[PDB]
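*Asks:* Below are the chains, spelled out letter by letter.
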Amino acid sequence: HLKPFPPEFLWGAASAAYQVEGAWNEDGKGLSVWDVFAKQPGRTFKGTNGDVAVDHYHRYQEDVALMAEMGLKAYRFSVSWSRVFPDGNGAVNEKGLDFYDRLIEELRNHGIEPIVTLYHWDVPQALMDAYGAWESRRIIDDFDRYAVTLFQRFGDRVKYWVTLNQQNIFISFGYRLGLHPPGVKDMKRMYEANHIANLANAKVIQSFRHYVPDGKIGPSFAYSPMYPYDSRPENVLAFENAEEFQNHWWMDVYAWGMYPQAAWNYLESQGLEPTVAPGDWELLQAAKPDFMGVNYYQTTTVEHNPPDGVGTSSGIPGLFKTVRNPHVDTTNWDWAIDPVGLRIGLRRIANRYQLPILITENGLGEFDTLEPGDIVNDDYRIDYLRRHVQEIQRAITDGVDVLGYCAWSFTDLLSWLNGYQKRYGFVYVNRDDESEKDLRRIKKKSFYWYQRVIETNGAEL
Amino acid sequence: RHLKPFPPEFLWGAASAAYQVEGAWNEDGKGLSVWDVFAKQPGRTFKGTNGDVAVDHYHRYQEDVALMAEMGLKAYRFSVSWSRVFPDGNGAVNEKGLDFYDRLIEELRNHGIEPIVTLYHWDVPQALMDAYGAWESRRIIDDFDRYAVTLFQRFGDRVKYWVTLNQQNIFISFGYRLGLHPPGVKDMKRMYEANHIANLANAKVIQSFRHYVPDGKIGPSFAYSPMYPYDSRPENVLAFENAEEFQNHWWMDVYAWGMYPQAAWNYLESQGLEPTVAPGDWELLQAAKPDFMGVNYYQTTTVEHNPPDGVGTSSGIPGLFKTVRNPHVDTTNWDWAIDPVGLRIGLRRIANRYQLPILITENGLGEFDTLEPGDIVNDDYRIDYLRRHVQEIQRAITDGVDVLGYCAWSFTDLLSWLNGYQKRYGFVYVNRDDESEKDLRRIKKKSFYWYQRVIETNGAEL
Ligand SMILES: O=P(O)(O)OC[C@H]1O[C@@H](O[C@H]2[C@H](O)[C@@H](O)[C@H](O)O[C@@H]2CO)[C@H](O)[C@@H](O)[C@@H]1O
Ligand SMILES: O=P(O)(O)OC[C@H]1O[C@@H](O)[C@H](O)[C@@H](O)[C@@H]1O
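Residue numbers (PDB author numbering), protein chains in the order written: chain D, 5 to 315, 329 to 478; chain A, 4 to 315, 329 to 478.
If you are wondering where the hints come from, they were derived from the structure by calculation, not from laboratory data. In this text, a Cβ means the ideal position worked out from N, Cα and C, and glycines have one as well. Heads up, some of the hints might be wrong.
Here are some of the chain D residues that sit facing chain A, going by a computed Cβ distance under 10 Å [unchecked claim]:
hint, residue
1, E247
2, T473
3, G475
Derived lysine to any residue pairs resembling SDA-like cross-links, with alpha carbons at most 20 Å apart [unchecked claim]:
hint, chain 1, residue 1, chain 2, residue 2
4, A, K7, D, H344
5, D, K7, A, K292
6, A, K7, D, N269
7, D, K7, A, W260
8, D, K292, A, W260
9, A, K292, D, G335
10, A, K292, D, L271
11, A, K192, A, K163
12, A, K292, D, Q274
13, A, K7, D, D31
14, D, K7, A, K7
15, D, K292, A, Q289
16, D, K7, A, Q265
17, A, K292, D, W268
18, D, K7, A, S273
19, A, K7, D, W260
20, A, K7, D, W268
Next up, chain D with everything else stripped away, as it sits in the complex:
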């Protein structure tokens, strides 16, 4: 018999500041690296950018009212560092803090738990200009000063905090694939910036223990659990390599403060291991989180990759390469649909680290059709969410401590590079890639489905 969801389960939904807020130059806000990057011609679909997005900065009262109508138990959002410190360091911007204060008060007045995410990829451009942002150890103290400011202003009202959201994405996309700022393709630089981000995460967790002694904090990891293609020993070995290189490389640092040794030795043999300073290991080991945040969309299957092989398939020669998994469904965008993979990832985190898990992001991006009468029938989104929630219930029954589930996303939002048409929200926003239209909010069918999930604490899916 499946166990019920625990009574205080945080049924949530989530967003990110650049993707929803707009108001990119209002109330003293400084430029973020994304304000600049997205205005490079050709970088984003149809030149879409975060100047307005879905205008949540001005429409937050309506959006929170919709959350209360749904009965959301928690809303996870990120704070835009450039609103609080327009230059990254230096003078605090009270008008920027005041927006988040008003948002938090609106949530609390409706009984919704805020989950504050410190960082979703939008370091102030001034810090990139001054010292290269995440490539400089200077960012450790600047990020800590920013985080401490938020802990001081909001710790009395916010119990749950996420530090770096998807560090593995912003680091790898920014420094290895060149898809995100700063547009670099250099593995050596990637691992250096990654190490600095690890130190920044640990430093802010240490600060949190002083300023928010009753709070709960953790990083959030974009987790694609690895599978071996089959039981061929060389494919199982490729899986060992891939899970360690892609997943333990981050989560072991978060949980244990140590990089895994086989991956470290491989990077050292390539001259790619990060520079370690005295005190680094002590800091990383002394910053235990209360939970592991998990952003989940799909698993990855791997197979053996000879030393002259792949490096379609991607991988590392001599370690592993990816291969299409014939045993999982796909979305209309070729993302795998693997709800059991979420249960597997949750089981792996509990088994390896004994940590509670907050699922910070999971959802389905698809074209939605607006029908006359302001009707959006998104049964495909209900199907996807239902199947993932069902597997979470099985993970809970197995013994995993899952603190909550934040569906991605509450309203439709701006994609980093792909505009607006692949929508994720429970709430449709009437705008597209060419026009803001009237920006009106329209509840999708999935809104009412999730409302009923919450009312029954997951008993009716």
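Here the structure of chain D is known, so what remains is to put chain A with the ligands in place on it, guided by the hints.
*Replies:* Structure of chain A with the ligands alone, referenced to chain D:
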């Protein structure tokens, strides 16, 4: 890719177990072990074979050590028979029993061979079973500790490497779940209680070791079959998660971290099978970190989804996993997988999960060796098996696993627990069979000279 060499102090070894080699079952004051009694029950063992004589290593140890020195062994791993040292398990120490192990250790040291002493290989004295049920009573924790401390005091000056419980998962599961080994019980609840007591005994002895052998290295040895999923079907990967945790982490997480894994614990709790925990248990288990994980390795196991009405050929646990033949590995003549890459995988998994050095305490090939005219045994099949495993160990070292040594199973042919003598494991053939001891003469197999050359070249010629 440049392979790393075997480290300069790598323990090229071979191994045995006391009941399987010693004989002298009632000599020099030795008391009855549970195996002395069990193997004499009609029908328990093939052709009634038992350890009364075995290969008579108790009397022939000088000849056997001389062969080890001829081979150039760096280490010899053996077990101490508790019933020789404390015939009743507790009570009076038997000095003649200690004197045998003293003579053996001196013989090894005089030939430059490192002794690796194994405290327990399944032979608890029958008197402790009679009095209180042996591993089912917490009384065994202090009795085992007193025995271990006796050995630490007598031999700690000359023995650096110690193994505590050898293959706890086997003696506990075979003794209390499958009923194949003493005490012949089939009761999962009793199995998990005895297993918990064995965990506490292991931790207690490691704590004592820190007091008595401060420069030594100690660890348990686990019979490790690394699990594989059959394929990338999500339900088969989940079956693998269940199987690796339930079959492997259940033991190794206690050894390394002092904690049982939660999903397995909750499953047992739902069946009414979780062990009874006393105040102080977690503190003891957590405060007994080993210096290494010992690994007894023969093969991997591949698993697939098993519905709640499923298998309980294939074996498994309904709702968790079931085994399935792996189509991508060869098998021995007894349907055991031959999977040397699986040894590398298991070594990588232990380093990745626990960051522990590993002593491979047992690995070998059992086969029906033919004694040819001229006292020749051509066991190229054994050479091939060992060569491939040693090659994969070198790759694991190159990956970054700290492997302390490799003990081939076995040095001489020996008595199997239930299956007699015909399926042989030694580098040294022993002339006897299931019907009689013949003359017990020792005959070097071809593999003896192969391993001699491996050791001489520190693994460069395999
Ligand atoms: O509109 P898109 O391109 O589908 O983006 C949706 C969300 O993507 C999340 O990150 C993804 C990323 O898109 C993938 O490229 C990467 O491989 O996986 C990560 C896993 O999260 C972002 O978290 C979110 O801000 C986007 O809305
Ligand atoms: O002869 P069998 O049944 O294959 O057993 C071989 C070996 O099996 C191993 O599990 C034991 O550790 C050894 O003690 C034993 O010799």
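*Asks:* If a hint holds in the structure, say so; if it does not, say that too.
*Replies:* Now the hints, each set against the structure:
no. : hint              : result
1   : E247              : holds, 9 Å
2   : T473              : violated, 24 Å
3   : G475              : violated, 19 Å
4   : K7(A) x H344(D)   : violated, 39 Å
5   : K7(D) x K292(A)   : violated, 35 Å
6   : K7(A) x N269(D)   : holds, 12 Å
7   : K7(D) x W260(A)   : violated, 28 Å
8   : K292(D) x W260(A) : holds, 17 Å
9   : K292(A) x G335(D) : violated, 34 Å
10  : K292(A) x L271(D) : violated, 30 Å
11  : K192(A) x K163(A) : violated, 37 Å
12  : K292(A) x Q274(D) : violated, 34 Å
13  : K7(A) x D31(D)    : violated, 61 Å
14  : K7(D) x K7(A)     : violated, 50 Å
15  : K292(D) x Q289(A) : holds, 19 Å
16  : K7(D) x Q265(A)   : holds, 15 Å
17  : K292(A) x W268(D) : violated, 24 Å
18  : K7(D) x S273(A)   : holds, 12 Å
19  : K7(A) x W260(D)   : violated, 28 Å
20  : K7(A) x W268(D)   : holds, 16 Å
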